[PDB]
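Asks: So you can see what is in the structure, the chains are spelled out below.
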Amino acid sequence: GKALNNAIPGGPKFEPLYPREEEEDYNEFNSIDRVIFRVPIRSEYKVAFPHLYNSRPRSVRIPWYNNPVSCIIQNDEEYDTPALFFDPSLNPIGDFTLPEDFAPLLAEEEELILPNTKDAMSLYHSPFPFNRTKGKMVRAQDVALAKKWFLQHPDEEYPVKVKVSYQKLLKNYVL
Amino acid sequence: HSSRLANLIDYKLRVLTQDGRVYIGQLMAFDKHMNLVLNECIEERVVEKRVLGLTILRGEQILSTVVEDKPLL
Amino acid sequence: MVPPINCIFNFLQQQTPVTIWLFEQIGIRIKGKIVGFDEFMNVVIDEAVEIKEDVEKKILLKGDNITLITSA
Amino acid sequence: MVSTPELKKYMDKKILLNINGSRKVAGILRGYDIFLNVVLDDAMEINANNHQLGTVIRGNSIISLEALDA
Amino acid sequence: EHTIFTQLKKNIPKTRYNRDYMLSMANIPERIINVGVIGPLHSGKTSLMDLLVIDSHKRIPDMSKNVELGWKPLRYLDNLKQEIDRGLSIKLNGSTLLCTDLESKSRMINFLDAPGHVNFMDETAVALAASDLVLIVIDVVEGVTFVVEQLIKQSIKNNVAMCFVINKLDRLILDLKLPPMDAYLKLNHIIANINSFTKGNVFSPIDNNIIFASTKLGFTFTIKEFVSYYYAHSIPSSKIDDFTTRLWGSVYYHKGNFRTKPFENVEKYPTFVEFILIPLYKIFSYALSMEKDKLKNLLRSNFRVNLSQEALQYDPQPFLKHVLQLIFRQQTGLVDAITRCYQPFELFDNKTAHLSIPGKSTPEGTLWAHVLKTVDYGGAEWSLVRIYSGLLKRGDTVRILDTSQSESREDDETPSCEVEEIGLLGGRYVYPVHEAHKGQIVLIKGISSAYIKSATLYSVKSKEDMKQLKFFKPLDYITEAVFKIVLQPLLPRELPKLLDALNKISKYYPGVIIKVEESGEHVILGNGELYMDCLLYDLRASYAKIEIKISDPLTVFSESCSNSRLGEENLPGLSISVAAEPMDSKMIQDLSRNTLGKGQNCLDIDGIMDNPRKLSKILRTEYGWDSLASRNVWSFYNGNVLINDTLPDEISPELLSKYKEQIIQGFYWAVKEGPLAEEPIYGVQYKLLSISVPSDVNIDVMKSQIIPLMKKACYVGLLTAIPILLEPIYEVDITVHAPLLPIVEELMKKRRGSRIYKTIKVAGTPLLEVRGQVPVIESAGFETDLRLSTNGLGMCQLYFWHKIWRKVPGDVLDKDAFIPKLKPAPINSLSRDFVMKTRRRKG
Amino acid sequence: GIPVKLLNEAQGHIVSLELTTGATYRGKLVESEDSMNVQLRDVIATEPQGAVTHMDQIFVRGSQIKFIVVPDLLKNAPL
RNA sequence: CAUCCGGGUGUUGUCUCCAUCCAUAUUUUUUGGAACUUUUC
Ligand SMILES: Nc1nc2c(ncn2[C@@H]2O[C@H](COP(=O)(O)OP(=O)(O)OP(=O)(O)O)[C@@H](O)[C@H]2O)c(=O)[nH]1
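Chain order of the listed sequences is A, S, V, X, H and R. Note that the first sequence covers residues 339 to 431, 450 to 531 in the authors' numbering. Note that the second sequence covers residues 8 to 53, 77 to 103 in the authors' numbering. Note that the third sequence covers residues 10 to 60, 68 to 73, 79 to 93 in the authors' numbering. Note that the fourth sequence covers residues 1 to 47, 52 to 58, 61 to 76 in the authors' numbering. Note that the fifth sequence covers residues 102 to 510, 530 to 683, 696 to 975 in the authors' numbering. Note that the sixth sequence covers residues 5 to 83 in the authors' numbering.
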């Protein structure tokens, strides 16, 4: 967005970086009779496809495209419901015998579930600090509890005063 | 059991068979039927010799076993 | 298709005459009708005949010694 | 144990069997066994005098089994 | 040669089995095999290959301390920076590997990593062209969808054996946290779903056509793989095999004896859950939840496994992966299952025969090579070919042919290139080869120049052998490009560089079409946004070093009509009258579907070389087609269909026969172009009504007169038949959460087409399957609108199947409707607006 | 057992063997068994006499085999 | 291009605390078709 002088609506905006926007040359390739017109060509498209809509990119980085879309279920009211509980959200859907003694190997124990376990499963899907039980110490000033909050959309409810603050915080981070 | 048989592994052996022929070479693999696998083999039919290579004998065919030399480094 | 023991089951019902060859002995053969048998291929022949064509005249054979069982 | 052998590709085809006592037989392969007992139809001996018979060969005996035509 | 090898050998990262045994194995035709890997987005494909790679190689050079342990999946075959940074496989990279199986007989396997993004289906087609069989990887959560149906349909259509892999099982248990009872059910549903689209064959976790895995974590299961490895030791071997038949569907064992009865007595479960899923869950629960001391006892007790304390001193995820890879050993369940699932005799004649006429003659003793994809490796462009027959060696002089030429089918016919080198692909390295043998797929240096895209490679020493030989048919890519970009360089003086680059792009990307306009502008066609974006990146970075101007995304339009002719020669001796007719949508669909007319399937017009009685039988049978008209079908166009229809056909048929090819050549010529925009024509049938011929034809009826005359007549007919414009439409596959539905509905409305063909609850997950349709001209940016409006939740794929051009709203030929520049066209007319902007470009 | 797997691994290569019959057979091996059945092609037999012959396809019984002779690279194989 | 606040590793000297693999007598291997004779070189 910086490189291309096209900020996202949420996003911070800088000066141009590349100075000259001077050449606006009418031409057969370009001409309005020749072009076919539908669609905004919003700035977001330019960022998403920096080598498609955004003609003549420079110092541009290739953007990550698409993560698998994660349907994780987390329960935040009653802990009593077990670890493996079909939720409301999920959509509806005379020959040879061997000694009785032989059985599934692991299942000497009666139940897979553990009181401890339910929390453990939740932890698996957690951020950098928690999902590792081994860590090197770091200084107090180093930690940035503040940081994540700006790194997220402001949301509709907030007054302009905080929405501006969100953008300003991002700008510092980006630089 | 077969505790003794693992001890023979990777030694040059002299194996007499029911035919009378005698094979010679190291022992790579061994079985519950006494199937032997032997490396760089040589029969001695008897003033005679032949070069075969890798030989896999059955249990039916084998009579006796005897170490020729110690295990090679 | 036709499995081997189902084929021998037909020779019981039809009472067909069948000549039996031996394992390590081509000089000898046998004959007779088949009354019964078992899982180990032992056979109870009736009016069995030992066959130069020297035809010499109810017996039971061990399954280890058979080679061929042939109709008529 | 009891590995049911790969004789599916020989079914309903001519054969040239060899058995113990250097005796051999031609026939159409009808059925086979765990122990390799065989069912042959249109059985012809090979003495060189070839006698038509019409046969269940034992498994133990069998040395080998060939194909006349590719 | 030896010197080259010695330097080369150092580069490659060596392996446990060694090349020599892997090289040694090659000679047997039966030994070894070819397998391709396909599946929809991020199904795991690449990482599955990565599993095999990490099993095989001791070093590995590339791995970070971080990645080896856990968190970042190591990527092999993503050796392209673009792919890495983009994060999705784009261009297929082979891996060749000597693999063992349960029997212990190793075979050499050629693996192909194909891209699962819908825009790179072309890549999948290229892989399929070579592979014997295909592994189709399905996400347990996602389930199956339209692209899966498409993939299996094509795979089976081309007689590619299919083995299923249900991946990300851990996610079903860890992400959704499903109960074992329900987990089984969900799996069963998925299994059912695959089977219904498949015809004539029926799988089941008991036929070993379905594999259960977690690529991420590190494991693969077949119900056979498990039984031998752990259960087998416990019980007599004779009985066990049966155990597997008594493992899947409706079987419960109470206490040594298992009865098909529902669950009489107290605590009950069907077996799959009893002996498989439950302990698997315990593993998950036990490893994370359990005290690390407790776990050791179970490993020795249940598995005979002994861990050091350093294996405990990790963290939940890396620990878990270690344990799963610890317990479940090298992925030979997979290999074994593959091995015993393909029969050469059944498929092989059929698969070879389809690409080529059935034949067959002069088998053996002859070189034959199918060239599919070309590869932009570190050095130069390599050619990828399937060893159809014989043997290749370095410096061998080889004849080369290109398919369109082949389409055509002695001196002049044969160009040739010597084969400089042959290498065996291994993802990030190439293993040096002296010689290549029938069965295997290899990298060739220096055969590239002869062919763009596909070509067929043969060496024939025999005049009859040469006559027999049938050229490989042009690969049929799954989708049509449609998307249209106009290029010009920033500075016109640099044109030569652009030209070169464009040709290179055609070689590397099989779905790209480059056309040259009068103006010197370059029309580029590609499958979709992302596809084209990648092209442009490589173009500016990898190939040309030139900054270039790119236009506003458009689309190719198609011409048509809905319902008499008079005509005159430039030397007025000939006079032509031809009717133009709307075609039956059924007929159109039948034509669009490339087929042999197999089973009950309406015959594809390219089967016309068969007896006209048969051809006409199909028309009469499927359409109640007029018996004279059916008998009078002359040919298809480059598209639709030509019929003879008048009394003079009876009056002078011999005379008329003399002019068929001139007509025939012209029509492809005339229909390939068009009277409105010089664009190809769809859904139109033509019938010759009258043809006047010059008295005493003194070499008067020349091609110079009749070809253009015929062309003119076509154009007039179309115009008088009331022409229309057709616009291509995508199938919109959208996956979302239920409450995000209304958003999606609005988006559709806003775009223009606003059509949703179906909404299906995805049973087992909190998701909907939304199928719609969208006008390609209104598609620019559509995907990002979705992603942004749903706050990152859900996703979209656009795929061109069926290739149906819908009528563009407005009348084809009305002046009045349009409103000034820069305004999206009013709905009443999108046909008139579409023509003028295209009209101007033409001239 | 390993003495059987080595056999399965020499499928494809050319093999020599000896039977209770007394004759030796040489050819490409197609399929084997845990029993020690075999399935070979282009066989070149050589009996006690020295009599050579050709046999297109062959099946065997393991019981009848004395011993096999296997290619040299099959000693680096994993056990 | 520099500064500044920090981090890791090795090494050297120190300090405190502590020690100096299944069991099968009935067809593919381990409960035998073996035994025996004679001629040729
Ligand atoms: N949760 C989970 N995700 C998995 C697993 N296996 C693969 N994945 C997903 O696969 C992605 C990475 O796999 P890749 O192989 O890089 O992606 P891919 O399947 O090659 O995708 P394409 O390159 O588009 O074919 C991750 O984002 C995961 O979401 C698994 O066992 N569990």
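In short, the hints are calculated from the structure, not lab data. Virtual Cβ for every residue (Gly too), placed ideally from N, Cα, C. It cannot be assumed that every hint is accurate.
[Claimed, not checked] Residues from chain R shown here face chain X by an in silico Cβ test under 7 Å; the list is partial:
no., residue
1, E37
2, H58
3, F63
4, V64
5, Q68
6, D76
7, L83
[Stated by the list, open to error] So the derived label-pair ranges between C-beta atoms look like this:
no., chain 1, residue 1, chain 2, residue 2, range
8, R, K79, V, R38, 47 to 55 Å
9, A, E464, H, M282, 15 to 23 Å
10, A, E366, H, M834, 36 to 44 Å
Asks: With reference to the structure, classify each hint as holding or not holding.
Replies: Here is what the structure says about each hint:
1. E37: Constraint on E37 (chain R) satisfied, holds at 6 Å.
2. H58: violated (10 Å)
3. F63: Cβ of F63 (chain R) sits 4 Å from chain X, so the hint holds.
4. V64: It holds, given that the least Cβ distance between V64 (chain R) and chain X is near 5 Å, below 7 Å.
5. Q68: Interface hint status for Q68 (chain R): holds (5 Å vs cutoff 7 Å).
6. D76: Nearest chain X Cβ about 27 Å off; hint violated.
7. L83: violated (22 Å)
8. R:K79 <-> V:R38: 47 to 55 Å: Holds, since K79 (chain R) and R38 (chain V) (Cβ atoms, about 50 Å apart) stay within the stated range.
9. A:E464 <-> H:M282: 15 to 23 Å: holds (21 Å)
10. A:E366 <-> H:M834: 36 to 44 Å: Holds, at about 38 Å.
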